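Engineer: Generate the whole structure from the sequences, applying the supplied hints.
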Amino acid sequence: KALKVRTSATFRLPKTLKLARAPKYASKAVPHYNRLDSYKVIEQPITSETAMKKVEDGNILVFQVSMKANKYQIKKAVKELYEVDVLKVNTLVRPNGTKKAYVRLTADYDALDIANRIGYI
Amino acid sequence: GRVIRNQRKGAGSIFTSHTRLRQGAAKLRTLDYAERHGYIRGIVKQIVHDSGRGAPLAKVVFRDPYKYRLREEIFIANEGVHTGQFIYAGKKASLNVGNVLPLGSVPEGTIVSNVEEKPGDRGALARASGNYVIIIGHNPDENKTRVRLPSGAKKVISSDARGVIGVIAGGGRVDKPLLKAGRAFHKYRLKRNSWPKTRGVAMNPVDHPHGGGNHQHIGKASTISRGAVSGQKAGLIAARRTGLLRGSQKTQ
Amino acid sequence: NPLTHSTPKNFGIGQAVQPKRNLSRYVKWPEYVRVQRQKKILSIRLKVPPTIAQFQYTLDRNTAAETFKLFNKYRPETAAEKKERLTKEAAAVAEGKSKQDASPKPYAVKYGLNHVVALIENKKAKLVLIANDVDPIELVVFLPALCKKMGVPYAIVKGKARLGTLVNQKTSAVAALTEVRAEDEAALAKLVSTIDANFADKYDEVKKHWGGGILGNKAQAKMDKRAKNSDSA
Amino acid sequence: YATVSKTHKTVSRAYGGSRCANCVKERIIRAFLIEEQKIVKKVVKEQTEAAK
RNA sequence: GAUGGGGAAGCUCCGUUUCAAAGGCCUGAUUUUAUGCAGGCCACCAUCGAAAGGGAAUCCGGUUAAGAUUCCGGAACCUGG
RNA sequence: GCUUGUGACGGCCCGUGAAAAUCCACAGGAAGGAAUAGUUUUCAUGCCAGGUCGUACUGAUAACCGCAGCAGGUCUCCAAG
RNA sequence: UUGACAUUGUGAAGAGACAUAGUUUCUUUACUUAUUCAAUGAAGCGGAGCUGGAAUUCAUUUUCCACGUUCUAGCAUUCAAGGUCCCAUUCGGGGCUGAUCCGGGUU
Ligand SMILES: [Mg+2]
Ligand SMILES: [Mg+2]
Ligand SMILES: [Mg+2]
Ligand SMILES: [Mg+2]
Ligand SMILES: [Mg+2]
Ligand SMILES: [Mg+2]
Ligand SMILES: [Mg+2]
Ligand SMILES: [Mg+2]
Ligand SMILES: [Mg+2]
Ligand SMILES: [Mg+2]
Ligand SMILES: [Mg+2]
Ligand SMILES: [Mg+2]
Ligand SMILES: [Mg+2]
Ligand SMILES: [Mg+2]
Ligand SMILES: [Mg+2]
Ligand SMILES: [Mg+2]
Ligand SMILES: [Mg+2]
Ligand SMILES: [Mg+2]
Ligand SMILES: [Mg+2]
Ligand SMILES: [Mg+2]
Ligand SMILES: [Mg+2]
Ligand SMILES: [Mg+2]
Ligand SMILES: [Mg+2]
Ligand SMILES: [Mg+2]
Ligand SMILES: [Mg+2]
Ligand SMILES: [Mg+2]
Ligand SMILES: [Mg+2]
Ligand SMILES: [Mg+2]
Ligand SMILES: [Mg+2]
Ligand SMILES: [Mg+2]
Ligand SMILES: [Mg+2]
Ligand SMILES: [Mg+2]
Ligand SMILES: [Mg+2]
Ligand SMILES: [Mg+2]
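In the order they appear, the protein sequences are chains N5, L2, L8 and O4. Taking the entry's author numbering, the leading residue of the first sequence gets 22, the next gets one more, and so forth. Taking the entry's author numbering, the leading residue of the second sequence gets 2, the next gets one more, and so forth. Taking the entry's author numbering, the leading residue of the third sequence gets 24, the next gets one more, and so forth. Taking the entry's author numbering, the leading residue of the fourth sequence gets 62, the next gets one more, and so forth.
Sample of chain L8 residues lacking proximity to chain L2, with all beta carbon distances greater than 12 angstroms (derived):
#, residue
1, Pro53
2, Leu65
3, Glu112
4, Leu162
5, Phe165
6, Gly182
7, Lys193
Pairs of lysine to any residue residues, derived as SDA-like cross-links and limited to a Cα-Cα distance of at most 20 angstroms, are as follows:
#, chain 1, residue 1, chain 2, residue 2
8, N5, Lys61, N5, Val107
9, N5, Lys96, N5, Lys120
10, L8, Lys251, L8, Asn240
11, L2, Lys68, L8, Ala39
12, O4, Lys103, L8, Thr30
13, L2, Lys68, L8, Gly35
14, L2, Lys156, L2, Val107
15, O4, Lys102, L8, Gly37
Stretch by stretch, here's where chain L8 covers chain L2 in the computed footprint (C-beta under 8 angstroms, at least three residues):
#, stretch
16, 35-46
17, 65-73
Worth flagging that the hints you see were computed from the coordinates, not collected in a lab. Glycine included, each C-beta is placed from N, C-alpha and C at the ideal position.
Structural biologist: Spelled out as structure tokens, the structure:
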């Protein structure tokens, strides 16, 4: 017979079959547990005088929170740990290498109430 | 002593070309099937200043013979060419200012610019403002064509090498005195870092052959051998004569 | 016809985009392709010395076909045929008491380069097949001379793979016969003659003929035409 | 421009928000004439071929 | 400044699209089914490099011992879905 | 009037005074679409979401560099009678 | 920089000796595959053929050129419309031709 017909003068690398990995053994024995559950996320209340005020006056809980956690993780954590509803979460990094979360609850909740249920003042 | 100025140029650290505002390299079309069997038409779309250059460039655009699109080219504009003008490129093109033809298709005496030294090299000879080459004969067997370059030299090249009819625009640029240091400043500011220029005779010996002495002076013949060595070639290199040129130059 | 129209395009330089064509003559092949093709060309442009040039002459596809037909009746044991034979003797011999001679004298094609060479040097081979590929050609180039001096009939044949298939390897470089069934003696005598006529007889003459020296076809043209007009005005 | 309705980015002519109108007058005129002169060009050289 | 490469005894030097088989999008084909092939393109061939260059979009009033075009009040706008 | 913005112009050059991401538009017309009901999210209105790091203060005759709370040095914006 | 040796092969003509058969060595000038330089998203190379015709026929063609684009700052893309053959006529879709043949040396 006769040759192929290429209308391009460029020759490109054949499209070839890529098998997926089917290991003969497992990558690491046991999967790591959740590296960032809620208890590692929100570390401890911040109870400074001026934090307390935000609670009494702004329906805002203030937590020191994991450096490794973002506004999503903080929000979910607070929710799950406190049966509470968060309007929005602001955060800052303290000048001692720790994160503050200003957590505003929705108007259905009373942060003052909800702070001396967790047990502080 | 130390490495002299003309040796430091070669590493081109602070001696590279000032290139940022340049329009791009000026070149003829790639020598394809069109240009080498027939002719192809373009339009000059724009003729435009290129920083650091004297002659303006002409932006010329052609259809792509093999794909639906426009391919733009950067020419050097010959005196007379204009926006909207149709430019014809090819073996079977016709002798008009602006067109580009192989030197074999143009009669003796034709005036051309931006000519190739080999066919397809997209143009090498006579590009500076005002320059041009004259065709002065053909040798149809082994198709060569003899031309005369701006410099005076005659040279024979392939009759397939291409050229563009006419002279490069911007002529007489050098008829006008610069007048001040500052115009040279702005002149070389867009070229390369070669200005101003300390005479070696004003430097110290560490610096230059001409350097030093309790009066300024070169102190040995300033005509240097071809086979002199890097660090030695300052002055009149390989100079076969010297002194005020007396009487008509003109290559015979 | 209908509300349908003829509008023939004009593909003649300076108008209409060129259509899609077969550019296979123009494609920029991968280097390994360009190199293996040029290895061929360069190998013909040179003058190639007689002792390499004597390959390229290969058994014709008729005599060939007949020779694989014969050799194919003498394929060496298969793994199974041998597993079969062993148990057919290992049991039987060891007991009913044959002398490891409850197996019949095997007839096979002999192979392996080193094997065949020793066979040829002992004038045991009756017919030897030499492949024409063999890329270190040295493995094999001495074999026409070898067979010739040992008075052994031989043949340069297309297919190292083809020699391979008759011996159950991928390739085989050489294939030979030393033994034959009487039902075949005659078939072989005939085959050897056609073959001996095409190689061993021709050997001394082939030894004088450099090959290669062949121009490419743009240069042939150039010269078939330059030397057409030059003389014959 | 992505934040703004299509009518802010065109005028309702051929080549609307792209070429300038007097520019499209030119395009049209030149197209018509050149497409006409094409028939004129052909019929002359169809005549040259049969009168030669 | 990596990479196919080329130098260099070597630490490494050269080159940056270079003399390389350099890669991914749009949907169709699935109604064993989850994504294999069927077209056609596009050949652009890393990446780092600006808190004064380019650049989607927020404002006023109030508020602290110390923050604010970032919090509060009000009223907007952009991007993705 | 003063400062700043901006326009329509005018002088100058052998000086003619970046790039890229990104956004839109047009030419094209592959296609996909209605009457027993289709097309339309570049029109309005409506729902959800927008992470990560910086953010205090000094910026100089004392928070910077000059061994220092040094008559030195260190880029800039606002500008009343 | 200059020479020799190696990379280093192939022809042809001419000189050079065993001393007017060609082994060999130099000079000239040919060749291309080594080496070398440019180019290009390796696109139209080389060889033949179709037609047009200049051309003058000393039997009939011995040849040489051509062999789609130039008043105009438009338009030129969907394997191409046309023609023709198929699938079993559905919408869709395919071959050939349109676009001559041969050699895979990108030039
Ligand atoms: Mg309250
Ligand atoms: Mg923050
Ligand atoms: Mg540079
Ligand atoms: Mg300077
Ligand atoms: Mg001076
Ligand atoms: Mg001077
Ligand atoms: Mg001095
Ligand atoms: Mg000195
Ligand atoms: Mg000296
Ligand atoms: Mg001196
Ligand atoms: Mg002096
Ligand atoms: Mg058997
Ligand atoms: Mg409008
Ligand atoms: Mg590097
Ligand atoms: Mg960056
Ligand atoms: Mg920035
Ligand atoms: Mg900025
Ligand atoms: Mg305020
Ligand atoms: Mg506060
Ligand atoms: Mg403050
Ligand atoms: Mg707000
Ligand atoms: Mg609101
Ligand atoms: Mg939206
Ligand atoms: Mg100011
Ligand atoms: Mg200007
Ligand atoms: Mg726009
Ligand atoms: Mg379709
Ligand atoms: Mg909308
Ligand atoms: Mg994301
Ligand atoms: Mg501040
Ligand atoms: Mg202070
Ligand atoms: Mg001080
Ligand atoms: Mg020499
Ligand atoms: Mg090419």
